[PDB]
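Novice: Chain residues, written in single-letter form:
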Amino acid sequence: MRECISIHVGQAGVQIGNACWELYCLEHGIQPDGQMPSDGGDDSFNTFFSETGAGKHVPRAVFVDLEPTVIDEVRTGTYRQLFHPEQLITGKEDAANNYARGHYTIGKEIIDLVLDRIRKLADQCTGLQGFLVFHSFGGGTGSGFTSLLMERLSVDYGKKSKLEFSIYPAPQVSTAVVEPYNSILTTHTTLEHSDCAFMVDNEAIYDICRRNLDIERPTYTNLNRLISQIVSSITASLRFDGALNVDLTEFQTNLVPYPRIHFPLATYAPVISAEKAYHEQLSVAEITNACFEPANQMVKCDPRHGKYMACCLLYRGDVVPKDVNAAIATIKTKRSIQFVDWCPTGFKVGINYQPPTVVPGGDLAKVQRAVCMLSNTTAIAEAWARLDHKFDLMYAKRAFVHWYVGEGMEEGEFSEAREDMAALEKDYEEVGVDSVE
Amino acid sequence: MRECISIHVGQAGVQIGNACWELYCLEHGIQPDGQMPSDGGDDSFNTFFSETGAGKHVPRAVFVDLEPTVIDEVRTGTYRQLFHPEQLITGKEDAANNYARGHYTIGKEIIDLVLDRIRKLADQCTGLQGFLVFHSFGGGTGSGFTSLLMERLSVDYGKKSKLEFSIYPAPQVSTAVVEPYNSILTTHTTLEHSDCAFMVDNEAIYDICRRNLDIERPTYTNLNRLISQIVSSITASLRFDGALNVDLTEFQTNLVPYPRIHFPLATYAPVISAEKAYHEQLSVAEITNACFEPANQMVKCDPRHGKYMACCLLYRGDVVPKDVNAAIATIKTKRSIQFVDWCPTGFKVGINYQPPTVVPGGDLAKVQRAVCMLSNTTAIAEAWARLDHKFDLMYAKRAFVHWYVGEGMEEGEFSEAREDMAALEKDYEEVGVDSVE
Amino acid sequence: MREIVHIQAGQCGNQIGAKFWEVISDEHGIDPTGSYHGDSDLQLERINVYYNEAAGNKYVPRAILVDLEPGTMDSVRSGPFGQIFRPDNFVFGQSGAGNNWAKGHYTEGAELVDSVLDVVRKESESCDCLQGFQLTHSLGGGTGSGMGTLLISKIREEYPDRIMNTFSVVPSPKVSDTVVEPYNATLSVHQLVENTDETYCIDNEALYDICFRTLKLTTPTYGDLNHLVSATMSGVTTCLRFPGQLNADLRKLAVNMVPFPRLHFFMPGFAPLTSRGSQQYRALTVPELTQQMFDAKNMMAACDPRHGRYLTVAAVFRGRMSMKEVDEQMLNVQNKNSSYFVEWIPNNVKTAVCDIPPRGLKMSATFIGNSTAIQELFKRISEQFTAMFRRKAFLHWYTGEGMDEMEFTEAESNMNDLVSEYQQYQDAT
Amino acid sequence: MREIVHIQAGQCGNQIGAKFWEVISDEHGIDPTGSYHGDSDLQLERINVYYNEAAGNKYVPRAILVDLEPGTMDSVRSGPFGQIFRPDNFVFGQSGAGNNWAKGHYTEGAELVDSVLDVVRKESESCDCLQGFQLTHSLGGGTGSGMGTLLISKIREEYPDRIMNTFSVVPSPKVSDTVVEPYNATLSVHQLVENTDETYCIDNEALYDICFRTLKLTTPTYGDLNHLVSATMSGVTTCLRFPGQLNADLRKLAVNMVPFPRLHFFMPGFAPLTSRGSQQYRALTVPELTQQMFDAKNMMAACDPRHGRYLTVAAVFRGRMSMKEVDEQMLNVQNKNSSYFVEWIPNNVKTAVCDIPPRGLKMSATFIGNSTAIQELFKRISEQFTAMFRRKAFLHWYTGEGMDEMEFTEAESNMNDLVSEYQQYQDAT
Ligand SMILES: Nc1nc2c(ncn2[C@@H]2O[C@H](COP(=O)(O)OP(=O)(O)OP(=O)(O)O)[C@@H](O)[C@H]2O)c(=O)[nH]1
Ligand SMILES: Nc1nc2c(ncn2[C@@H]2O[C@H](COP(=O)(O)OP(=O)(O)OP(=O)(O)O)[C@@H](O)[C@H]2O)c(=O)[nH]1
Ligand SMILES: Nc1nc2c(ncn2[C@@H]2O[C@H](COP(=O)(O)OP(=O)(O)O)[C@@H](O)[C@H]2O)c(=O)[nH]1
Ligand SMILES: Nc1nc2c(ncn2[C@@H]2O[C@H](COP(=O)(O)OP(=O)(O)O)[C@@H](O)[C@H]2O)c(=O)[nH]1
Ligand SMILES: [Mg+2]
Ligand SMILES: [Mg+2]
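Residue numbers (PDB author numbering), protein chains in the order written: chain 1E, 1 to 39, 44 to 441; chain 1D, 1 to 39, 44 to 441; chain 4Q, 1 to 44, 47 to 360, 369 to 439; chain 4R, 1 to 44, 47 to 360, 369 to 439.
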């Protein structure tokens with residue numbers, strides 16, 4: 001009865017949801033037809053699966069893209085029978101790595117179609133908590149249409165807990181050229197709207213899928229499994245009764261000290277292969293040190309170059325709360341994990357009774373416990389300092405600006421987004437320092 | 001015992017009744033031979053099917069046209085064995101998009117034949133309530149002969165509840181050129197005679213059959229199915245016992261505040277295809293918001309450009325009256341649905357225990373509940389303002405007037421019909437304003 | 001003796017009454033046929051008030067079912083407990099009121115009412131000593147507002163001393179079920195204040211809450227709402243039909259509850275009202291039944307009593323219980339709510355206890379509340395009336411049926427001569 | 001008589017309470033259904051304090067379970083002993099506090115609290131003579147800190163004389179479970195010092211030790227920690243529910259343990275606490291139970307009592323034992339620790355003996379300690395508060411929910427008007 005609908009913008013957001021809704025069907029015994037064999045659940049599915057008249061459950065997902073091809077693979081894939089076909093929204097031409105086409109030219113066409121499909125879902129939700137917007141900072145749809153959409157949901161709702169799961173652009177891996185433009189522009193808009201936007205990077209999952217999973221060749225099939233285990237473990241406390249539950253309203257409360265700073269970086273553990281499911285015992289003390297280890301985070305940032313402002317350990321499965329305190333009290337004593345001077349209480353702890361399940365065809369191993377760390381840290385200021393530096397090199401020559409001015413955007417609006425991003429950059433410098441006396 | 005005969009004028013009215021009487025035979029188990037297998045009805049058919057001496061039921065329908073071809077397809081179609089062949093009335097030459105030929109030249113020939121066939125049916129009716137005239141505003145027969153017929157039935161009966169189901173001319177779709185002439189002339193006459201004329205537009209069903217049913221190519225076979233579901237759901241309370249029944253005398257009472265304003269626009273829901281019969285649950289709260297949504301009405305008018313004077317939600321099937329109040333009390337709180345200042349009680353609610361059945365070969369889906377909204381609104385003044393504007397452009401050049409003067413009509417009679425229509429146009433302005441103090 | 005002739009008008013009054021005679025036939029052990037099949041003679047002791055004994059030890063309900071269309075009656079006469087009524091009593095027209103008061107009171111009502119009163123006068127002379135006539139109808143419909151209030155004006159002229167209690171389903175505050183229900187109500191309240199000894203205002207919005215909130219019914223049909231109205235209706239006359247430790251009747255509830263003859267518009271209430279699971283998690287005591295009545299969320303008329311003062315209060319109880327356990331609780335809710343009760347009526351609680359509980371119940375209540383909370387019931391309708399009437403909307407569906415605007419000028423002023431009287435006796439020191 | 005209404009706020013207070021009503025239903029022999037299935041009438047003698055007797059000889063717990071999300075309640079209502087509560091009592095919202103005090107006390111708390119107090123007032127009037135309300139919540143959460151301290155401010159206005167004992171799970175010194183738990187604590191201690199007659203500070207860090215050190219639990223889940231909190235909770239009111247040789251209640255523990263009305267922040271303690279094997283290698287004597295309480299490693303509030311002075315001390319004992327064997331040991335720990343007890347309260351030990359032991371125990375204790383050792387409990391939190399607040403971190407998740415910085419300027423000063431008072435009455439001659 002604590003319903004939570006999810007929006008999937010861009011090619012990245014749909015392909016993430018193709019693994020997320022694959023994972024949710026396995027956690028509730030749902031077939032791809034929706035007909036779950038009810039031959044123990046007890047309204048566990050309710051936060052994502054509005055039930056139809058038959059024995060068929062359909063998801064609370066709005067898959068939106070401006071180009072049809074990534075939606076049409078869902079429409080012809082295994083989960084054809086699952087999704088409501090009015091939710092699968094297509095445009096005609098993509099925004100095509102153009103923020104202004106996602107926000108002014110093409111995005112204005114179907115934005116009233118998307119807000120209609122949200123409002124049909126939001127009316128049949130009786131205890132609606134918040135939103136799960138899946139998008140990327142690189143593409144024109146995931147930047148332009150999301151920023152157009154987050155303008156509209158804060159107008160229509162405002163008080164709902166609007167959460168994002170963004171694909172942050174990597175420092176040296178960039179599959180697009182104007183990622184320094186689409187990321188600065190979409191963050192200038194989503195700053196005053198999104199309650200807590202979870203950063204995820206591709207390169208830091210290229211590190212994890214090569215090292216921790218021992219996969220030589222990780223695919224975007226595999227990177228979306230690890231993001232699905234994050235979003236499942238955040239919504240594991242809603243869907244399943246835990247020893248210490250945590251709502252989506254609790255995440256924005258415990259992790260966001262200032263309304264500007266709402267950019268935590270997720271971290272999942274244990275990420276081990278099937279051969280290494282043995283050879284280690286995986287205590288809650290063992291899987292907690294994996295999260296604060298800087299090599300195992302999922303945004304390419306060095307947390308030793310900054311300070312954690314608020315960490316959020318979301319345990320699930322066979323977890324004992326006394327050994328939790330044994331795992332956490334040691335980490336505040338370690339010097340490499342340091343907090344900010346004003347935060348003595350740098351933790352929010354959640355425990356679920358359900359283990360993470362493994363998707364068949366997956367690369368993770370069957371483990372009896374997991375942890376989804378959601379740590380808001382000062383180390384992301386190193387990430388924004390790169391991205392303004394990638395912005396300032398391109399914009400000083402006025403490169404690629406005519407692809408954005410010719411789609412309705414002011415040239416001076418880039419001066420607005422960059423100076424606002426510079427104002428966000430000094431905020432981590434303002435918060436990262438200690439207090440006088 | 002609450003009998004209700006129906007008249008079918010013009011090519012449109014016969015083709016509508018070919019789907020309506022197709023639908024009524026399936027709701028009562030009637031074969032096209034009339035021999036229903038009586039191997044639960046209990047005088048349900050009585051309001052339309054006067055029984056013969058054998059086990060054969062014949063309809064209370066008077067199919068009239070001035071040209072034989074649309075009648076002859078009924079005479080050679082599947083329902084040859086059903087209809088009484090004296091009811092199937094043909095002329096020789098059609099009125100042929102000439103109101104004056106339907107009202108003076110050709111219509112005067114068989115008008116005494118039609119009034120004879122009505123009076124033979126009206127004598128074997130023991131509890132006769134009213135009439136169901138099916139016609140169009142465009143054609144010469146559906147405009148001319150109906151207006152001649154409605155003159156005669158108000159003379160002979162007067163107190164009966166004469167209802168019309170008119171095909172209103174679309175704003176940009178016109179299959180005839182002199183539709184701005186035939187529609188103004190037929191409304192000047194049917195105003196003082198018809199008790200409550202239900203407007204239906206083709207273009208707004210072209211919208212619904214393309215969008216809501218996902219049919220790329222809707223035929224006049226398909227548009228007449230949706231009008232048949234309207235007229236079945238209005239007469240569902242007569243034919244079937246409901247949790248809250250509604251007679252045809254109740255519609256003219258609840259919906260007509262002033263004797264001029266008697267033009268509601270019908271709206272049916274749910275209109276969903278067979279693939280989308282799943283993927284949604286269709287509560288009585290879900291199917292009620294579909295009716296007041298401006299995209300799902302069946303006259304091309306914007307109800308947000310006006311005010312509802314009286315709405316009439318005719319539920320049927322698995323409908324619970326408490327959730328009805330849950331569905332309706334929310335809509336009076338919504339700002340997009342606004343009523344007029346003098347009408348606090350803007351609803352008439354009816355519930356039937358019978359679901360709508362689906363015709364085999366139909367495009368609608370099997371649903372357990374439905375709603376036929378009959379909403380008299382101020383937004384139809386936008387429709388008459390177009391149609392006078394289409395009238396005033398043609399008549400100022402005196403275009404097409406010689407086809408009407410040469411058939412017995414005065415040229416000054418167009419000044420009578422236009423100034424009367426202008427007097428109807430200010431009535432929605434007079435009613436649409438609020439009250440002083 | 002003290003027989004009661006039940007009259008049903010409109011679609012609504014038939015659907016209430018067909019459920020009402022389902023309750024009476026279960027309280028008296030009557031089969032679907034019409035024969036007695038109970039256990040004790042206490043069901044047969048006062049069987050005669052709602053029943054005439056036919057030949058062959060069968061009982062016909064003393065009921066007169068009136069409509070203007072055959073659609074409601076054929077659902078009644080063919081459903082369960084439809085073969086128990088006499089086929090003479092089903093006096094229905096053919097034309098239908100058309101959800102119109104003027105067609106129900108002038109045009110199609112007057113062309114049937116002489117064939118109704120001759121069934122009334124047939125049943126009234128079959129009564130030994132007539133107690134009075136109970137009527138079940140609505141105020142939003144056309145028949146039940148028109149034909150019903152035409153029957154009361156004929157009966158009070160022909161039976162001036164008999165009690166005339168009507169069970170009027172007053173329209174709902176949030177939703178409407180009729181566009182012209184402010185017209186059908188105000189033209190009926192013109193006829194209810196002068197010819198009824200009492201009138202029980204029931205709202206469909208309030209029963210939508212009580213099914214959802216109190217009984218936890220996710221899908222309440224009309225068959226579930228009408229079992230709550232009929233639980234009041236059998237609970238009002240349960241001391242007239244059964245022995246009790248303190249018997250009341252329809253004249254005790256007339257005298258004690260009507261301090262001024264216009265101010266006879268009551269709100270009912272029923273207790274206990276439990277869910278399926280939540281009835282074994284609750285002790286059925288008289289202090290539990292008492293506090294369940296007097297709150298806001300158990301009033302079948304959709305108005306909070308906290309907005310007004312209770313003028314008079316009746317609490318008809320059923321089942322075996324002790325009188326001190328009653329009389330303390332009738333005092334206990336008057337001490338803590340001394341501002342909520344009216345001051346110049348000291349000890350304004352009528353008590354009645356019947357010895358026979360309802369079927370499947372250990373004990374039960376039936377609240378009757380006469381409050382100034384239903385001045386807002388007529389503040390709402392007369393505001394909805396005047397907003398429609400100042401534009402003269404829907405006037406020609408009434409003026410064309412034999413009516414002038416002077417009918418509306420009186421009926422609106424008659425209601426505002428009643429709104430000002432509840433305001434007078436709420437402000438009274 | 002002397003009935004106690006149990007209120008549960010937050011996820012934590014529900015998980016304590018669902019284990020707490022597992023202990024009470026075993027001490028009174030109550031089945032999972034709700035019926036009595038014990039052996040003696042002493043369980044039924048004072049059954050009425052935590053139970054209302056429903057119909058059919060079933061007992062519902064006098065418990066009001068409050069949350070802001072349905073995730074905790076559906077674990078409660080579907081688990082063991084979940085079919086025993088009334089479905090009316092589960093008053094939960096939908097939005098969730100979001101681990102926020104301001105959303106628990108201003109935004110989502112106020113939009114539910116009127117539907118909670120009407121269940122309080124329903125249970126309070128079902129009490130014969132109300133003793134007072136016990137509450138189970140946390141100070142690190144959002145609901146239990148917000149909705150709980152909103153319930154106390156409503157109740158103390160409506161019930162000023164009744165005792166208001168809260169079982170507050172104070173946050174841990176080493177680890178946190180919440181980033182903003184210095185904010186949720188300080189805004190709740192602002193509301194606890196003015197509206198609670200007593201408050202039992204419990205730390206999860208201290209129960210992590212007692213499970214590992216004292217009971218030798220390598221894997222203690224919350225179901226093992228909550229059986230230690232509920233052992234205190236049933237042990238506080240065990241002389242109110244059972245006869246004893248020296249009966250205490252929640253007012254004797256209020257008067258004897260609160261020398262100054264702000265200084266009502268207690269630390270509990272339980273004895274015996276044994277392992278599985280190590281319980282047959284130990285003589286269960288009153289001198290064994292006494293010295294097990296008064297050491298540092300059996301305080302459920304994570305602070306050493308050696309850093310302060312015991313102001314007042316209560317030792318509620320269970321099971322049959324002799325009073326001299328008690329009263330020597332209550333003197334014996336006061337002679338050797340004369341500096342550890344406060345000087346200007348001579349003979350500062352309250353004694354209570356119940357005759358009924360816990369199930370499966372020969373004898374048992376329940377320590378209540380009011381010390382100046384919990385000035386370091388607030389020296390730690392107000393230092394963790396001021397370090398976060400001087401940078402105004404996480405302020406906009408509170409300022410955006412209807413709060414100013416003046417709320418924090420008072421709540422921090424109110425806690426330092428309490429730290430200075432324990433320092434005043436530890437330095438007192
Ligand atoms: N983690 C992850 N990222 C993906 C995946 N697929 C695409 N991306 C990211 O998406 C970014 C580009 O944005 P897209 O989603 O492809 O494009 P868009 O948002 O639809 O906008 P358009 O360019 O107009 O199509 C790239 O930088 C990729 O990092 C995926 O399967 N997993
Ligand atoms: N909804 C609907 N409208 C129809 C259908 N067939 C014809 N029409 C309408 O009928 C209008 C023209 O009137 P007709 O009925 O064809 O002609 P008529 O009324 O017989 O008069 P004549 O021109 O003399 O034949 C067109 O504008 C169409 O919109 C149909 O099957 N369904
Ligand atoms: N309580 C209740 N009210 C009903 C029921 N059926 C209809 N109504 C009410 O009756 C009113 C319509 O009156 P109705 O008798 O159907 O129309 P009439 O026959 O012309 O008088 C509506 O306002 C409904 O709220 C029912 O089963 N129970
Ligand atoms: N002793 C104990 N403490 C708990 C338990 N579950 C949660 N907590 C504590 O409760 C705090 C979280 O409060 P919670 O009620 O879950 O959040 P809320 O619902 O927003 O108030 C954490 O600091 C935990 O230490 C439990 O089972 N036992
Ligand atoms: Mg893309
Ligand atoms: Mg034609």
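Source of the hints: derived by calculation from the structure; they are not laboratory data. Just so it is clear, CB atoms sit at the ideal spot from N, CA and C, and this is done for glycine as well. Careful: at least some of the hints might be erroneous.
What the hints assert, rightly or not - Per the computed footprint, the stretches of chain 1E lying under chain 4R, defined by three or more beta-carbons under 8 Å from a beta-carbon of chain 4R, are:
1) 130 to 137
2) 248 to 256
What the hints assert, rightly or not - Calculated Cβ distances over 12 Å to all of chain 1E for the following chain 1D residues:
3) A289
4) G365
5) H393
6) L428
Novice: Take the hints in turn and mark each one as holding or not.
Specialist: Hints and how they fare:
1. 130 to 137: holds (count 4)
2. 248 to 256: Result for this restraint: holds, n = 9.
3. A289: 8 Å, violated
4. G365: Check passes; 23 Å lies beyond 12 Å.
5. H393: 29 Å, holds
6. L428: The claim holds: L428 (chain 1D) sits with its nearest Cβ about 34 Å from chain 1E, beyond 12 Å.
Hint 3 from the earlier list is the only one contradicted by this structure; the remaining hints agree with it.
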